[PDB]
Amino acid sequence: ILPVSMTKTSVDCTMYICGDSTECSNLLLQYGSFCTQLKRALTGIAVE
Amino acid sequence: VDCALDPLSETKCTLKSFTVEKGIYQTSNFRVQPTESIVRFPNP
Numbered sequence: 726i727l728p729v730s731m732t733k734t735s736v737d738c739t740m741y742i743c744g745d746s747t748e749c750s751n752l753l754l755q756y757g758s759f760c761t762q763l764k765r766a767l768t769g770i771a772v773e
Numbered sequence: 289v290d291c292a293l294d295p296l297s298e299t300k301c302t303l304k305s306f307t308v309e310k311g312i313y314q315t316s317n318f319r320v321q322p323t324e325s326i327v328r329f330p331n337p
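Here the protein sequences line up with chains A and C, keeping their order. When you read off a place in the first sequence, starting at 1, and then add 725, the result is the number in the entry's author numbering. Residues 289 to 331, 337 (the entry's author numbering) are what the second sequence spells out, left to right.
Only chain A is shown next, with the shape it has when bound in the complex:
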């Protein structure tokens, strides 16, 4: 038995962190855009 593929998985930045929260969505980027790097690594997970 060999697990060959994890489940390709991704996260939306605002939808997860803030979703409907306009204040959170606005204040997220001024505190940085970590979710972008999180996501390139996740996309790399998936594509690799």
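I should point out that these hints are in silico values taken from the structure, not numbers from a laboratory. Some clues are possibly wrong.
Derived CB-CB ranges, DEER-like [claimed, not checked]: (1) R328(C) x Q762(A): 14 to 20 Å; (2) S750(A) x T307(C): 31 to 37 Å; (3) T747(A) x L303(C): 27 to 33 Å; (4) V729(A) x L296(C): 46 to 52 Å; (5) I770(A) x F329(C): 40 to 46 Å.
Beta carbons are placed, not taken as given, at the ideal position from N, Cα and C, and that holds for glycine.
Please arrange chain C on chain A, whose structure you already have, making use of the hints.
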């Protein structure tokens, strides 16, 4: 280049080149905007 003019413009914006090679470029997300809003406070 604008980062939200056209999808190609945003891909250039994200991969940061005007000479972008050939490939699948996930840029961002989208969730359909609320078509409507309903509010019912609890209802002598």
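Results of checking the hints against the structure:
Distance hint check: the CB atoms of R328(C) and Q762(A) are about 41 Å apart, inconsistent with the given range 14 to 20 Å. Checked against the given bound of 31 to 37 Å, the beta carbons of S750(A) and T307(C), roughly 33 Å apart, stay inside it. Remark: the range hint 27 to 33 Å for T747(A) to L303(C) is upheld by a beta-carbon distance near 29 Å. Our hint of 46 to 52 Å for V729(A) and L296(C) is violated, since their Cβ atoms are close to 35 Å apart.
Taken as a hint, the range 40 to 46 Å holds for the pair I770(A) and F329(C), whose Cβ atoms sit roughly 45 Å apart.
Of the numbered hints given earlier, the model fails hints 1, 4; all others are met.
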